[PDB]
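K.L.:
Between the sequences and the hints, there should be enough to build the whole structure, so can you do that?
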Amino acid sequence: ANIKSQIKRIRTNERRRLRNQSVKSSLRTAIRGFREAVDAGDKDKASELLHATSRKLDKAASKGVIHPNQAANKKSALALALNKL
Amino acid sequence: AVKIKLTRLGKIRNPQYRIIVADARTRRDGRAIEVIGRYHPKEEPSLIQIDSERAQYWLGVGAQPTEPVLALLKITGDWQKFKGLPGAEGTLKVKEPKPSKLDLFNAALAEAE
Amino acid sequence: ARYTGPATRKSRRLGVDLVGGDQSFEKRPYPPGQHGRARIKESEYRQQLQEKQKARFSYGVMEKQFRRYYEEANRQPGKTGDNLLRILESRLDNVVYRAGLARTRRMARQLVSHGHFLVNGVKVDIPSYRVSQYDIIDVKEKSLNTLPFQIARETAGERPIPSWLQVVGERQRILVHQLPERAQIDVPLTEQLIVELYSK
Amino acid sequence: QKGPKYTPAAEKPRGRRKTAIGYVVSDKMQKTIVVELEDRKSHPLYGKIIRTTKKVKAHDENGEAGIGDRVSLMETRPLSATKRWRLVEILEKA
RNA sequence: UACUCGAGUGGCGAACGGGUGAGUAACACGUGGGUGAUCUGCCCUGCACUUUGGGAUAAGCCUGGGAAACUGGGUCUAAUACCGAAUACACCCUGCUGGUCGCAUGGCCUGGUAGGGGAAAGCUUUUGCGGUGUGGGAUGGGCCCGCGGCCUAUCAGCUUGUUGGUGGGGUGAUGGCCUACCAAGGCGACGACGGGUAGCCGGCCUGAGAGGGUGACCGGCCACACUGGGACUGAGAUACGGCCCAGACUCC
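Chains A, B, C and D, in that order, are what the protein sequence lines are. Just so we're on the same page, the UniProt record's numbering is the position in the first sequence counted from 1, plus 1. Just so we're on the same page, the UniProt record's numbering is the position in the second sequence counted from 1, plus 1. Just so we're on the same page, the UniProt record's numbering is the position in the third sequence counted from 1, plus 1. Just so we're on the same page, the UniProt record's numbering is the position in the fourth sequence counted from 1, plus 3.
It is possible that some hints are incorrect.
Stated by the list, open to error - Result set (DSS-like, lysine-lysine): computed pairs, CA atoms no more than 27 Å apart in a straight line:
id : chain 1 : residue 1 : chain 2 : residue 2
1  : D       : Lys57     : D       : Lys15
2  : C       : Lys28     : B       : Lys43
3  : B       : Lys99     : B       : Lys4
4  : B       : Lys99     : B       : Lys82
5  : B       : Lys12     : C       : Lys143
6  : C       : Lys124    : B       : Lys99
7  : B       : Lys84     : D       : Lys86
8  : B       : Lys82     : D       : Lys5
9  : D       : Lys57     : B       : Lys84
10 : C       : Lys42     : C       : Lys28
11 : C       : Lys124    : C       : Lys143
12 : B       : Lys12     : C       : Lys65
13 : C       : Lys53     : C       : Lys11
Unchecked claim - To list a few chain C residues with every Cβ distance to chain B over 12 Å, as calculated:
id : residue
14 : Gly122
15 : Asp139
16 : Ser164
17 : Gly170
Claimed, not checked - Now the in silico label distances, taken between C-beta atoms and shown as ranges:
id : chain 1 : residue 1 : chain 2 : residue 2 : range
18 : D       : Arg19     : B       : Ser47     : 44 to 52 Å
19 : B       : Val3      : D       : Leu94     : 42 to 50 Å
20 : B       : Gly85     : A       : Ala53     : 36 to 44 Å
21 : C       : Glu142    : B       : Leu10     : 50 to 58 Å
22 : B       : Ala89     : A       : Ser63     : 41 to 49 Å
23 : B       : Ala108    : C       : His115    : 43 to 51 Å
24 : B       : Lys84     : A       : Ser48     : 33 to 41 Å
Since the hints were made in silico from the structure, they are not lab data. We put the beta carbon where it would ideally sit given N, CA and C, even for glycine.
P.N.:
Structure (structure tokens):
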């Protein structure tokens, strides 16, 4: 940290990492909730919260937190698991 | 961004440029895509020559000229052709042809005899 | 760099008169030195070497320059000896000497070096300039009236000029048609030995 | 003066893929076989024609090829490690 | 006052350009292909938009801790900073289903249909600049492969995620890349595994040529930034003048 703009970048990078970490952890928690629900085997709850988790995946990819293709992969795996079970 | 640039050539005192198409991130003497023309500012009419067809293609694709390249393009009328304000006007001032060696030969023969 | 030492000395050693009209060569035809009278064993390297010495010491060129000229001529499509002689005869100093304005090659060298000449309107003061086809060589005004140049130009009844050179006006104008061929160089000595030496 | 909303993609000739012909010498895996290729390369200096052999591991879904068969293959995207080849059709069986 | 502008918030840049050749015998490099297995800010060109709401904080003012580096608390303020929602139906998934081309997975017709869903931002009146989704270009890449270029068996066996299959995970992408189970395989005298050395090339020097030596300048790639690990931000990171940790050294 010798030059001015790069110090400012240190600060902004820390802020951005905090925000992205929060979003990623929220997505992770929702995915785990679905995974537990489906492994338990309640198709109703699985669908009602799969809709929610899919919205979260898309609107997390919309903020640039994760890549659109990764969001698509995750939705695909989620829906395939529910449909199969 | 893909841009139209100039690259230095020639010796120490006299620069001689190639009108070039390259990426903005490349170095000045770096790798090129297409050699489109040339520019010798070290001459009295400042020789300029350019491939009109390739210039028009690259401009249509989205290339961005640098300031000297834009000045050259305006001189040779290809910028004016691309946009359409006056039309393709040739403002080029061609090198004045030099009298032929054989013609001076015969004139000297006549004068001395 | 030029060579300043005595000239009849090298003609003495090399067995051929170079300037042409001196008396020292005739009154002393043998090679110089204490042991210039000694009988000398023959050698093909001696022959080929002395041949180059005659060529270079007649024209004034140095070894590096002459080697570069030889490489150029060997690169040329013609016979190497012919290309050699025509290249060394394309020099401005040689052309000036051949047109008669210089009583000798040293005269031509100095008179070109001090910028008394001009080819196609540009002040050329370098002796190793190579004259091309269709060149017009004139003199400048300051040198036109100077006493030695005037003497040489007014008394110029010596050795005839060749075909490709032509002096045409009383202002001492030079005009050239073509690069000479082996008949028109007509300098002494031989080219095959010159070529073989550098082929060694 | 209003144009189309959708611009069709540009037509490109689909790429040529390398083809291989060989003999099956290990049909002892699952869905994968091992096949060699022949070639005749002149020596870089001496010039004598030299044959060399290259072992290649292919993927056949159905396991239809026995050991010692003249087979054809084509290049494919990686299916695993060491597996860039596929069985198209068993050209000559033995 | 806002002409102007220190410090500050916010954008873009900082990954380019410049340096060195330590390491690396390797798809690192050269050449030629593939991607029906893939990403790409700014630039160009079409289409559709750019609606509505909300909380906070830097800076400032007051105060504390500290030798310093720096840092804690209160109060206060703005946005193209941040965060909700409406619409998009061109996009992403899931289900059903047609045609067509194949090079098998499969691709292409913005296929058709049903269900769920995915955004935006304003400033300036002056040659006026921007914002979002999406179709298409150009550019810059990623990954895989054939072939080519050192010495040494007084280095003969090596390998257990090692070789392959299935389900999951992961990635931009395929793939033991990772993981669980199952099978016992895979590489080796056309020199595996070891040891020594070395950045690679376009080129340079020599030679009649083949060949031998070499990689100074200039140019293209690759690797690295005191040593050794690691990730974050970002379109893009060996992140030289960025961050974290452990070391050796220098200084307060």
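K.L.:
CA of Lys99(B) to CA of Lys4(B), is that 27 Å or under?
P.N.:
violated, 36 Å
K.L.:
Does 36 to 44 Å hold as the CB distance between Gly85(B) and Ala53(A), or does it fail?
P.N.:
violated, 55 Å
K.L.:
Per the hint of 42 to 50 Å, is the separation of the Cβ atoms of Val3(B) and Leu94(D) within bounds?
P.N.:
Distance hint for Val3(B), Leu94(D) holds at roughly 48 Å.
K.L.:
Within 27 Å, alpha carbon to alpha carbon, are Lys53(C) and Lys11(C)?
P.N.:
holds, 12 Å
K.L.:
Measuring from beta carbon to beta carbon, are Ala89(B) and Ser63(A) in 41 to 49 Å?
P.N.:
holds, 47 Å
K.L.:
Under the criterion that the straight-line Cα-Cα distance not exceed 27 Å, is the pair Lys99(B), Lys82(B) satisfied?
P.N.:
violated, 31 Å
K.L.:
Does the alpha-carbon distance linking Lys42(C) and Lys28(C) stay inside the 27 Å limit?
P.N.:
holds, 25 Å
K.L.:
Given the hint that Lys57(D) pairs with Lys84(B), does the C-alpha gap stay at or below 27 Å?
P.N.:
Answer violated: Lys57(D) to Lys84(B) is near 59 Å, above 27 Å.
K.L.:
For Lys84(B) and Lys86(D), compute the direct alpha-carbon distance and say whether it is at most 27 Å.
P.N.:
violated, 54 Å
K.L.:
Starting from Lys124(C), check that the Cα of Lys143(C) is at most 27 Å away, please.
P.N.:
With Cα atoms ~13 Å apart, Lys124(C) and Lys143(C) stay inside 27 Å; holds.
K.L.:
Could you see if the CB distance from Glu142(C) to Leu10(B) stays within 50 to 58 Å?
P.N.:
violated, 41 Å
K.L.:
Take a quick look at whether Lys124(C) and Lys99(B) sit within 27 Å of each other, Cα to Cα.
P.N.:
holds, 19 Å
Figure legend: structure checked against the earlier numbered hints; hints not met, in rising order: 1, 2, 3, 4, 5, 7, 9, 14, 15, 17, 20, 21, 23 and 24.
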